[PDB]
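**Student:** Single-letter residue listing:
Protein chains: 2
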Amino acid sequence: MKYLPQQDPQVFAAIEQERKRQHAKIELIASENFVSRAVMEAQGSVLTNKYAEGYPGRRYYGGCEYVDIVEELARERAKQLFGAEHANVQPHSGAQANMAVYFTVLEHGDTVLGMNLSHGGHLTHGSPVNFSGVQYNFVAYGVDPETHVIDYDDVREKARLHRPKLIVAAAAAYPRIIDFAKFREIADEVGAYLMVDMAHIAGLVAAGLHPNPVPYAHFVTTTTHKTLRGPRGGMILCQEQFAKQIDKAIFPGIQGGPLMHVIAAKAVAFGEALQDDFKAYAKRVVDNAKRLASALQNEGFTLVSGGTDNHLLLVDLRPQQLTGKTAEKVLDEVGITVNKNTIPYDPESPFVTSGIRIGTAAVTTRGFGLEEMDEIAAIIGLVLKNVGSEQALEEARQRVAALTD
Amino acid sequence: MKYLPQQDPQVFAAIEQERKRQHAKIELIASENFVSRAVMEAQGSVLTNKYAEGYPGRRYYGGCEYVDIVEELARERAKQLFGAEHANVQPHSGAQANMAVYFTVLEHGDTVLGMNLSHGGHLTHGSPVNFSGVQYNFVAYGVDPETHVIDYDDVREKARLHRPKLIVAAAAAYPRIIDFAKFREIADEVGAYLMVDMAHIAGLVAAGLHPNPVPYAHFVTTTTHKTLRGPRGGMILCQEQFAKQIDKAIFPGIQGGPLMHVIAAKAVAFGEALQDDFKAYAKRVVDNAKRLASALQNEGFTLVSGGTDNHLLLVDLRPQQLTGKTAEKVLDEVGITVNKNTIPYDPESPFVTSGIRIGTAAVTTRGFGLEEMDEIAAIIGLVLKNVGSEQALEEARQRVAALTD
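Those protein sequence lines, which keep their order, are chains A and A'. A prime marks a further copy of an entry chain.
Counting in PDB author numbering, the first sequence runs from 1 upward without gaps.
Counting in PDB author numbering, the second sequence runs from 1 upward without gaps.
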């Protein structure tokens with residue numbers, strides 16, 4: 001940076017602290033990643049200055065010729081990545097992407113069926129403190145109490161009982177592959193639309209490591225900033241028949257001016273995802289997660305579902321008689337960032353929990369491999385088995401530092 | 001830029017086109033401005049990598065120590081700028097800032113009273129194709145057919161007849177000072193909340209050149225990117241009694257993870273606005289708008305309301321027998337960017353219009369003064385009085401180029 005250090009010492013100091021923090025810590029927050037310098041440069045561009053309400057070639061402001069090229073690059077690259085008939089790259093966030101799909105097909109009070117929030121569903125899939133649960137009547141399907149795999153018979157029964165207008169599939173904390181063919185079969189049986197929220201697994205889908213929801217879903221929503229390793233924002237994919245309706249839901253429906261600079265950054269991130277080396281990266285993410293899961297089990301930890309098919313894992317801490325809150329706190333003390341997370345059928349409140357959620361996307365981006373996974377697992381074991389030992393926590397601290405260099 | 005040119009030639013070429021376009025054209029879009037290099041650097045920072053749901057010191061992810069400092073800097077500087085008891089700097093946009101206030105105080109189908117959209121009101125103030133008009137029952141107050149000034153007796157009558165739960169004041173295209181004391185008096189009479197959407201005039205308010213709505217409104221919403229000359233985003237100000245409710249409306253209510261990098265950029269923009277030279281800038285904006293208005297009248301143009309108290313003006317093109325659409329198009333041909341805009345009691349549809357909206361914020365930022373205002377007015381006269389003369393349009397083109405250098 002050149003101008004910010006001089007203009008704003010206070011903001012620059014805090015950014016520099018954050019930059020240094022990102023390098024020093026082992027970031028295992030499953031939803032986080034590190035973007036390229038190219039992506040950041042696009043976000044730091046003059047495109048923030050441009051009002052561009054509407055769509056490429058159909059804007060409500062003149063002078064959009066070049067931002068149109070940028071948005072089109074984003075849409076076309078997204079269609080190339082996922083094989084969607086239509087893309088909308090304007091959603092400000094995952095929240096707004098979901099909001100727009102709901103706005104498109106639902107009326108106030110319509111019934112929607114989504115994944116139980118305590119079994120892995122997201123806030124925007126019907127939380128009573130979120131617009132989703134306040135605006136719509138959300139019902140929930142669960143995972144099996146033993147396998148922690150989605151119970152597709154429960155999905156079906158809930159659908160047939162409650163007759164939802166929309167079924168939502170996908171998750172903030174589900175470690176196994178989701179069967180989209182089965183969701184669509186159930187949706188078809190009850191005459192419901194199917195929406196897949198692939199936010200967490202979007203990079204894995206793009207690399208062919210998770211089945212693609214696009215052929216099965218009427219609508220696919222996602223963030224651009226998790227496994228897809230892009231800037232912070234949302235996106236909607238859908239078939240051509242819903243294109244006009246989806247576009248109008250985003251604008252003039254729920255948003256105003258799009259963030260053209262962030263859309264530029266989306267295009268950059270999509271360009272990166274189309275490359276062979278992104279495919280290799282995504283495989284290392286999944287491989288690392290498998291290795292980490294196995295290594296944690298070797299340390300004596302129980303994992304929700306017994307492992308992982310994707311980038312993320314959930315530790316069930318009940319055998320160690322720890323809450324997720326306690327584990328989160330102590331790991332924070334040694335420089336490992338995780339989040340507490342409810343496990344299926346958790347006896348604890350969502351503010352306490354019996355679990356921690358862990359993901360490998362971020363550490364893989366910084367070049368960690370299988371050996372580092374073993375060591376991260378060894379450090380977690382050392383810490384969680386010795387929460388009362390300051391000497392153990394200091395050893396952990398030193399081993400964490402050895403990893404981040 | 002260093003990395004984007006190499007990583008993504010296509011995106012870089014289009015950004016560079018846009019950068020060059022921004023310098024070559026005379027940008028008179030009333031909602032646009034040019035941000036500082038410091039603001040852009042903050043948006044281009046690693047802060048995009050951080051999930052930070054919740055609020056400073058009350059986050060739902062660890063590792064937020066430094067992003068907390070950034071968000072707090074933004075909130076405290078905003079409170080310093082506007083004298084608000086509480087600030088929420090997380091809204092992704094003006095749309096979402098409004099959305100959150102509505103979510104806070106209204107139930108589905110509640111009556112809201114806002115400014116007539118064809119008289120200057122915004123899309124988010126009750127358009128039947130926007131969430132506002134679909135979710136809530138919007139009624140409208142108008143401006144006087146002669147003066148084009150808000151008819152406060154009409155505001156009062158509509159309020160007493162329709163009994164709104166919420167009254168919205170402020171505009172996307174209103175060239176005169178708004179009387180917030182009168183809005184609050186009416187709100188008090190009918191027992192309605194008062195929301196002021198100061199998006200357009202926020203920089204003018206901060207510089208003391210427009211009366212401050214904060215003392216009179218229960219809620220004040222704004223964008224950060226118009227006269228405030230910040231990054232693209234939204235903000236809510238409110239009294240302490242609504243702080244907890246407003247924060248919860250933004251999250252977990254209508255958004256997810258905030259854009260911490262954009263919030264950093266907000267803090268930077270607020271720091272800039274607190275400086276004396278911003279005050280001088282904002283006065284030049286208003287002075288330039290007055291000068292431009294006077295100069296256009298000298299050219300024979302009729303202005304909605306007979307002039308301006310702020311950054312923006314509306315030309316009523318009916319005396320020249322032109323539509324706003326025609327004027328917009330021909331001005332685009334010579335390198336002047338305006339937008340068509342409905343005038344009060346416009347006989348034309350909003351897709352055609354009888355007016356053009358013009359603002360001075362952007363040209364003032366690039367250092368245009370009174371002499372440049374005279375010349376811009378002279379060029380507009382030359383073009384609009386000679387729409388069929390390619391020689392006149394070429395002279396205009398050359399004079400536009402002379403201004404942007």
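One or more hints might be untrue.
Repeated chains share a single entry, so a pair holds when one copy, or any two copies, can fit it.
Unchecked claim - As a list, the in silico DSS-like pairs of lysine-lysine whose alpha-carbon atoms are at most 30 angstroms apart:
id, residue 1, residue 2
1, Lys2, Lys79
2, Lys290, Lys385
3, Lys248, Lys385
4, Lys2, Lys165
5, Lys2, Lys279
6, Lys325, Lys165
7, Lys290, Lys2
8, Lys244, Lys182
9, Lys329, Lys244
10, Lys290, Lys244
11, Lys25, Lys182
Honestly, the hints are just simulated from the structure, not real lab data.
**Student:** Up to 30 angstroms between alpha-carbons, please classify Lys325 paired with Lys165: within, between, both or neither.
**Tutor:** Neither. Shortest intra-copy (37 angstroms) and inter-copy (41 angstroms) distances fail the 30 angstroms Cα cut-off.
**Student:** Within, between, both or neither: how does the pair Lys25, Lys182 come out at a Cα-Cα threshold of 30 angstroms?
**Tutor:** Neither, since 40 angstroms and 55 angstroms both go past 30 angstroms.
**Student:** For the identical chains here, do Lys290 and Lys244 meet the 30 angstroms Cα criterion within one copy, between copies, both, or neither?
**Tutor:** neither (41 angstroms within a copy, 42 angstroms between copies)
**Student:** Cα distance capped at 30 angstroms. Does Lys290 pair with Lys2 within a copy, between copies, both, or neither?
**Tutor:** neither (42 angstroms within a copy, 36 angstroms between copies)
**Student:** Evaluate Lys244 and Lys182 at a C-alpha cut-off of 30 angstroms and name the case that applies: within, between, both or neither.
**Tutor:** Intra 27 angstroms, inter 42 angstroms, cutoff 30 angstroms: intra-copy only.
**Student:** Go through the copies and call it for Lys290 and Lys385: within, between, both or neither, with a Cα cutoff of 30 angstroms.
**Tutor:** within (22 angstroms within a copy, 72 angstroms between copies)
**Student:** Treating 30 angstroms as the Cα threshold, decide for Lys2 and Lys79: within, between, both or neither.
**Tutor:** Classified as between: cross-chain Cα gap 28 angstroms, same-chain 37 angstroms, threshold 30 angstroms.
**Student:** State whether the alpha carbon distance between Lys2 and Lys165 is at most 30 angstroms within one copy, between copies, both, or neither.
**Tutor:** Neither. Shortest intra-copy (53 angstroms) and inter-copy (49 angstroms) distances fail the 30 angstroms Cα cut-off.
**Student:** One pair to classify: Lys248 and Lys385, alpha carbons no more than 30 angstroms apart. Within, between, both, or neither?
**Tutor:** Neither: 54 angstroms inside a copy, 37 angstroms across copies.
**Student:** Pop the pair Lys2 and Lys279 into one bin, within, between, both or neither, using alpha-carbon distances up to 30 angstroms.
**Tutor:** For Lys2 and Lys279, only the inter-copy Cα distance (25 angstroms) is at most 30 angstroms; the intra-copy one is 35 angstroms.
**Student:** Is it within, between, both or neither when you check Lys329 against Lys244 at 30 angstroms Cα-Cα?
**Tutor:** This pair counts as between: shortest inter-copy Cα distance 26 angstroms, intra-copy 47 angstroms.
Consistency note: the structure conflicts with the earlier hints numbered 3, 4, 6, 7, 10, 11.
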